[PDB]
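Throw the hints in and build the complete structure from the sequences for me.
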Amino acid sequence: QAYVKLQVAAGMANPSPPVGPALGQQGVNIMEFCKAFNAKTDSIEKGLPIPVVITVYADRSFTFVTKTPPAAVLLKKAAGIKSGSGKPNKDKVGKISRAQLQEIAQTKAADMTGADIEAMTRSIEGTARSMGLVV
Amino acid sequence: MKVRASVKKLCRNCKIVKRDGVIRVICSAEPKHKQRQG
Amino acid sequence: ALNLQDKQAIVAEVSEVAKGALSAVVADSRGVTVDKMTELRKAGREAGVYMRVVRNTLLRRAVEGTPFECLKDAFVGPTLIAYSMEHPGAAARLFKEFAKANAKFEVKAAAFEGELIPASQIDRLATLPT
Amino acid sequence: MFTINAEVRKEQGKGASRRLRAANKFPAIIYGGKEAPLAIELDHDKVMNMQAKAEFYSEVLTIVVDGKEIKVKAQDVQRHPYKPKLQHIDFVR
Amino acid sequence: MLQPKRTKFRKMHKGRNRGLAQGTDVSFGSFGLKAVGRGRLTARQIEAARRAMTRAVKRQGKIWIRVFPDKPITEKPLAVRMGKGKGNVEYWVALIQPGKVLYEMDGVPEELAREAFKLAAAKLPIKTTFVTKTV
RNA sequence: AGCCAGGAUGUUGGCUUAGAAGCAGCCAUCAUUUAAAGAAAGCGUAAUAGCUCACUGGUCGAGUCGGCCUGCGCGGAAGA
Ligand SMILES: [Mg+2]
Ligand SMILES: [Mg+2]
Ligand SMILES: [Mg+2]
Ligand SMILES: [Mg+2]
Ligand SMILES: [Mg+2]
Ligand SMILES: [Zn+2]
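The listed protein sequences derive, respectively, from chains R, Y, U, F and H.
Numbered according to our numbering, the first sequence spans residues 600 to 734.
Numbered according to our numbering, the second sequence spans residues 5 to 42.
Numbered according to our numbering, the third sequence spans residues 138 to 267.
Numbered according to our numbering, the fourth sequence spans residues 471 to 563.
Numbered according to our numbering, the fifth sequence spans residues 19 to 153.
No wet-lab data here; the hints were simulated from the structure.
Yeah, the Cβ is synthetic: ideal placement off N, Cα and C, and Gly gets one too.
Hints should not be assumed to be uniformly reliable.
Unchecked claim - One-sided excerpt, in silico: chain F residues whose CB lies under 10 Å from chain H:
id, residue
1, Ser528
2, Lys543
3, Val547
4, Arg549
To be verified - DMTMM-like, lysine to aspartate or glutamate: derived pairs with alpha carbons at most 20 Å apart:
id, chain 1, residue 1, chain 2, residue 2
5, Y, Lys13, H, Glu133
6, Y, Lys13, H, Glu129
7, U, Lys179, R, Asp641
8, U, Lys245, U, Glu183
9, H, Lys151, F, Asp513
10, F, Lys553, H, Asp43
11, Y, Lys38, Y, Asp24
12, H, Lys151, F, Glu525
13, U, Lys144, U, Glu206
14, R, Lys707, U, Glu183
15, U, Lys179, R, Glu631
16, U, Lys233, R, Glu631
17, H, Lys23, H, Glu65
18, U, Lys173, R, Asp715
19, Y, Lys12, H, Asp43
20, R, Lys666, R, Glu631
21, U, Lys173, R, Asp710
22, F, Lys555, F, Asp515
23, F, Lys523, H, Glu128
24, F, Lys555, H, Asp43
25, F, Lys523, H, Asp43
Structure, rendered in structure tokens:
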């Protein structure tokens, strides 16, 4: 009830321009959002949009979902890139490996709906080949 | 209603039907699609 | 929808009614992908690949996946009844996991038709070692 | 390995051939070897449905003519000029 | 457009157009456009149908133009009396009999060949049908 | 054909405007975690929400679907 799957980068909290009222348009304001957003951003390593998923009941108290950041941006910090490459099969920018993707996706056991390791591996390699890093 | 001399289905919702001896295309969604062979 | 795939799924269903003593009524009417997601996530988490949320629930493909055993389980064919089999234990609590899958916010049309597991009464039997 | 039923055609010319093509039965010939050629006529339905699949122009055919089977091979076909129709078929024994 | 770069004689007879065609079989490609009617194509109509079918298949796979205009058709001007010589040579036609395969195509699906030859057949004066290769 | 139904993770693909979520398209383009599952096929979406559908089961109980050769017709068809 009353949820969204959308977040901007967790290096900034109380993010009123990019998402903002996407989390606190309603009667719930953004003060517990920014406080506990920093409190959950301290857990997962930085440089990542660490997304929050809101629930609510008729008492204005709840416990959100603290999910892992996208593997898109885990590959971003893995390759040092933020704006990777426009038109991802024209210019050459790099190539990544299954072991490094295992090192990135070893901790996603409570976020991924996949009980296959090589599925996550070649799926994030396809993410890389859509990124610009043709494996 | 565009009174074409060759009616032709333009989506999936369009249905070709025959009133009065002429052909018509009647559409449920888009009223631009409605045609008549005249 | 295709003949040899229907025959090989008949072969898979008679091999798996050979395998599992836990054949279970899963009776969805409004079958949710997230109940399928937990039923497949726990399948991959505490099994290998053998477990599914299999729907081969045809009115006369159940009756010809039958004739290994349970030859009075053809009337459990029609009227929206589904089958899920799983091996280890005499009707292990993954039966109750699929039952909680058919009971999580669902439309109340599960009713546990029975599958003739112990040749016992029609009611729910949760008598297990645990 | 197809079995086509033929019939021995009596008279040959422009006229009887066009009359056969009107009456749905295109003519054909069987030559080959030292024996004489033979003047057969076939239905059009069966042989167009056979020559659709491309094993007809490939393998050994078999013609039931007068009861007696003839092993034969399709050689050279004249089609219609502007239609999906057959005109004549050269067969080699 | 499509004209012979050199000819023996400038102006040719009219001539009739009777008899059946020759190029009935689809020799080169795989999918051909067979003219079932009888008439004269021109250089304008051949270039129009070729650029239409090139737009249709989006320049993938080979096109074949089989008939080429080489018979000049002349036109006397306006406000000119009937005498005083055969008129000036204006444009070039190509005679088509029933059965002539005009365009061929390969390196395309069958259905895309159907759509392309429909799109180019609606810019030609003679009624045409579709045809495929046989063995 | 109706009819009771259900219908993604990687991810919300890199981008680059502004938020990139199906819609802003290019370039990608698969492993299922597989009842069936679309990096969703469209729509107007301020991205925010979805509607469906692709497919699968229920129900129902005799044919149904789309191409070719055709015969006769239909529209195209307005003038003192
Ligand atoms: Mg009226
Ligand atoms: Mg009109
Ligand atoms: Mg004569
Ligand atoms: Mg002459
Ligand atoms: Mg000639
Ligand atoms: Zn319409």
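Quick rundown of the hints versus the structure:
1. Taking 10 Å as the C-beta cut-off, the interface hint given for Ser528 of chain F holds, the closest approach to chain H being about 8 Å.
2. Against a cut-off of 10 Å between C-beta atoms, the interface hint on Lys543 of chain F is violated, since the closest Cβ of chain H lies about 14 Å away.
3. Here the hint on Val547 of chain F is kept, as its CB sits about 9 Å from the closest CB of chain H, short of 10 Å.
4. Restraint check, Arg549 of chain F versus chain H: the minimum CB separation of about 7 Å is within 10 Å; hint holds.
5. Taken as a hint, the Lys13 of chain Y and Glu133 of chain H pair is honoured in the structure, with Cα atoms around 16 Å apart against an allowance of 20 Å.
6. For the proposed pair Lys13 of chain Y and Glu129 of chain H, the alpha carbon gap of about 19 Å is at most 20 Å, so the pair holds.
7. A hinted pair counts as satisfied when its Cα atoms are at most 20 Å apart, and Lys179 of chain U with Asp641 of chain R does not qualify at roughly 30 Å.
8. Between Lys245 of chain U and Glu183 of chain U the CA atoms are separated by roughly 28 Å; this puts the pair beyond 20 Å, and the hint is violated.
9. For the suggested pair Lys151 of chain H and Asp513 of chain F, the alpha carbons sit about 23 Å apart, so the restraint of at most 20 Å is broken.
10. With a CA separation close to 12 Å, the supplied pair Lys553 of chain F and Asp43 of chain H stays within the 20 Å bound.
11. Under the criterion of a C-alpha separation no larger than 20 Å, the hint pairing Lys38 of chain Y with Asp24 of chain Y is consistent with the structure, at around 16 Å.
12. Of the supplied pair hints, the one linking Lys151 of chain H and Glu525 of chain F holds, its CA atoms being roughly 15 Å apart against a limit of 20 Å.
13. Distance restraint check for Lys144 of chain U and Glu206 of chain U: the Cα-Cα separation of roughly 18 Å lies within the 20 Å cut-off, and the hinted pair is therefore satisfied.
14. Between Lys707 of chain R and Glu183 of chain U the CA atoms are separated by roughly 18 Å; this keeps the pair inside 20 Å, and the hint holds.
15. Between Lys179 of chain U and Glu631 of chain R, the direct Cα distance comes to roughly 34 Å. Violation of the 20 Å bound is thereby established for this hinted pair.
16. Simply put, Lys233 of chain U and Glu631 of chain R have alpha-carbon atoms about 39 Å apart, too far for the 20 Å limit, and the pair is violated.
17. Under the criterion of a C-alpha separation no larger than 20 Å, the hint pairing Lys23 of chain H with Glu65 of chain H is consistent with the structure, at around 17 Å.
18. For the hint pairing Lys173 of chain U with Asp715 of chain R, the CA-to-CA distance comes to about 16 Å; that is within 20 Å, so the pair holds.
19. At roughly 33 Å between alpha-carbon atoms, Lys12 of chain Y and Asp43 of chain H are farther apart than 20 Å, so this suggested pair is violated.
20. The straight-line distance between the Cα atoms of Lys666 of chain R and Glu631 of chain R is roughly 17 Å, inside the 20 Å bound, and the hint therefore holds.
21. Annotation: proposed proximity of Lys173 of chain U to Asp710 of chain R holds, straight-line Cα distance about 17 Å (limit 20 Å).
22. A threshold of 20 Å between alpha carbons decides the hint, and for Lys555 of chain F with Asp515 of chain F the separation of about 10 Å falls inside it, so the pair holds.
23. Proximity of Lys523 of chain F to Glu128 of chain H is assessed by CA-CA distance (about 17 Å); at most 20 Å being required, the pair is judged to hold.
24. A hinted pair counts as satisfied when its Cα atoms are at most 20 Å apart, and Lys555 of chain F with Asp43 of chain H qualifies at roughly 13 Å.
25. In summary, the hint linking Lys523 of chain F to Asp43 of chain H is supported, as the alpha carbons are separated by about 17 Å, within the 20 Å threshold.
Consistency note: the structure conflicts with the earlier hints numbered 2, 7, 8, 9, 15, 16 and 19.
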